[PDB]
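Q: Assemble the whole structure, with the sequences as input and the hints as a guide.
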Amino acid sequence: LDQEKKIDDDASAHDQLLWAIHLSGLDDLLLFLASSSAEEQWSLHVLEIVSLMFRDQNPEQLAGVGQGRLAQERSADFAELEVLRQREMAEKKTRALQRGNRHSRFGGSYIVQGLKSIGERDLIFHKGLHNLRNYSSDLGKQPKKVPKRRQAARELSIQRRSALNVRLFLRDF
Amino acid sequence: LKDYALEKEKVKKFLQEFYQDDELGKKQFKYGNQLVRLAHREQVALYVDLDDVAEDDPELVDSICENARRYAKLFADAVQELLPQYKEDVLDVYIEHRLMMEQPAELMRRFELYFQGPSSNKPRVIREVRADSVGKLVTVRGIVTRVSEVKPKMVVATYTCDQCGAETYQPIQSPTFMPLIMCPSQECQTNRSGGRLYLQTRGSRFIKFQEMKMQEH
Ligand SMILES: [Zn+2]
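Chains as they are written, first to last, in the numbering used here: chain A, 4 to 176; chain B, 467 to 683.
The set of hints was computed from the structure by calculation and includes no laboratory data.
Check before you lean on any hint, since a few could be wrong.
Using C-beta positions, here's what the derived DEER-type ranges look like [claimed, not checked]:
(1) B/672 <-> A/143: 27 to 35 angstroms
(2) B/528 <-> A/143: 54 to 62 angstroms
(3) B/488 <-> A/111: 42 to 50 angstroms
(4) A/112 <-> B/576: 21 to 29 angstroms
(5) B/647 <-> A/87: 35 to 43 angstroms
(6) A/98 <-> B/647: 25 to 33 angstroms
(7) B/558 <-> A/112: 15 to 23 angstroms
(8) B/510 <-> A/146: 48 to 56 angstroms
(9) B/647 <-> A/99: 27 to 35 angstroms
Beta carbons are placed, not taken as given, at the ideal position from N, Cα and C, and that holds for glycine.
A: Right, dumping it as structure tokens:
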């Protein structure tokens with residue numbers, strides 16, 4: 004997936020392989036092997052072939068791929084881009100209002116009289132009133148380096164769809 | 467050799483006790499009057515005259531002329547130690563608040579002292595300032611070829627720590643210095659707090675500084 008770094012429904016190598024299987028008609032032979040009672044020793048192998056055919060897909064999305072899905076997904080992509088962009092703009096404005104409208108080196112320091120520092124004296128704050136408006140006592144800190152044996156597990160896959168023609172073929176299969 | 471503590475005490479004696487009959491015979495203690503003015507901050511610069519010092523200790527004048535920087539420091543320290551006896555803007559506000567915290571001597575020092583040279587010393591030309599006169603008070607004549615604009619020279623830098631709310635001070639002597647970064651106070655070091663220091667130009671002592679070049683007539 005460094006080289007197959009491919010977008011939502013661009014045909015991956017696996018998609019092209021499945022489409023080649025469809026065009027060659029070997030899917031019909033796999034169906035014959037699974038449906039026929041005469042050669043059931045190959046049923047385990049054919050199960051393995053089918054399990055390797057379906058890897059990106061999940062059944063709930065696959066069963067709903069009607070013939071008119073392409074136009075729907077065009078409009079859905081435009082809507083998703085619109086909401087993503089609006090969300091990013093909102094996040095940008097929250098960050099912009101968090102910091103001040105003066106430049107970074109515009110100095111000035113404050114004392115919060117009612118708030119003890121880690122010592123006995125009151126805390127001296129340097130990042131401006133706009134950072135004090137929503138004050139947090141970990142603004143300047145970095146995260147901790149959790150060790151390797153303590154780190155949480157992560158997802159081995161992300162849901163790129165296969166190409167729509169391949170999705171139609173897989174639904175029919 | 468010298469016992470600079472005894473020298474400081476003798477300097478205190480001179481400053482306390484000298485009088486010169488100014489204003490037609492009023493017997494004014496000139497340095498006591500100027501000490502009152504310094505203590506009240508109505509005066510900032512004190513030009514002590516070594517001709518006046520010669521009238522009760524020529525040996526002290528010789529020691530000053532031979533080791534002038536040391537005695538400049540000693541005279542300044544004696545004056546600062548004597549200002550409360552005669553104590554009848556922004557940095558003043560900061561010194562007031564630091565006194566409130568008490569309730570950095572060079573920062574709290576808000577005056578300056580200079581030696582007006584003795585008349586026995588002939589005014590040299592620039593060429594006659596030999597290497598034997600290094601560290602010694604000399605009088606030099608010349609034409610002022612060029613003068614720079616007045617610039618602020620840091621005397622005592624003042625920092626504030628973000629994590630522990632403590633002020634730290636850094637006296638400056640050399641023409642260059644290392645600005646402090648991480649907080650040295652033990653409440654930061656022992657707690658490994660990662661607290662850093664921000665220079666406070668408002669609450670740090672600057673001084674007017676000017677570079678010029680004299681030239682021979
Ligand atoms: Zn600190």
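Q: Evaluate the given range 27 to 35 angstroms for the C-beta pair formed by residue 647 of chain B and residue 99 of chain A.
A: Given a distance of about 30 angstroms, which is inside 27 to 35 angstroms, the answer is holds.
Q: Within 21 to 29 angstroms or not, the Cβ separation of residue 112 of chain A and residue 576 of chain B?
A: Given a distance of about 22 angstroms, which is inside 21 to 29 angstroms, the answer is holds.
Q: Look at the Cβ atoms of residue 98 of chain A and residue 647 of chain B and judge whether their distance stays inside 25 to 33 angstroms.
A: Cβ of residue 98 of chain A to Cβ of residue 647 of chain B: about 27 angstroms, so the range 25 to 33 angstroms holds.
Q: Is the gap between the beta carbons of residue 528 of chain B and residue 143 of chain A within 54 to 62 angstroms?
A: Holds, since residue 528 of chain B and residue 143 of chain A (Cβ atoms, about 57 angstroms apart) stay within the stated range.
Q: Go ahead and decide if the range 27 to 35 angstroms is satisfied by the Cβ distance of residue 672 of chain B to residue 143 of chain A.
A: Given a distance of about 28 angstroms, which is inside 27 to 35 angstroms, the answer is holds.
Q: Range hint 35 to 43 angstroms: satisfied by the CB atoms of residue 647 of chain B and residue 87 of chain A?
A: holds (41 angstroms)
Q: Between the beta carbons of residue 488 of chain B and residue 111 of chain A, is the distance compatible with 42 to 50 angstroms?
A: holds (48 angstroms)
Q: Quick check on a hinted range of 15 to 23 angstroms for residue 558 of chain B and residue 112 of chain A, using CB atoms only.
A: Given a distance of about 19 angstroms, which is inside 15 to 23 angstroms, the answer is holds.
Q: Given the hint of 48 to 56 angstroms, check if residue 510 of chain B and residue 146 of chain A actually sit that far apart at their C-beta atoms.
A: Holds, since residue 510 of chain B and residue 146 of chain A (Cβ atoms, about 52 angstroms apart) stay within the stated range.
In summary, this structure violates none of the numbered hints.
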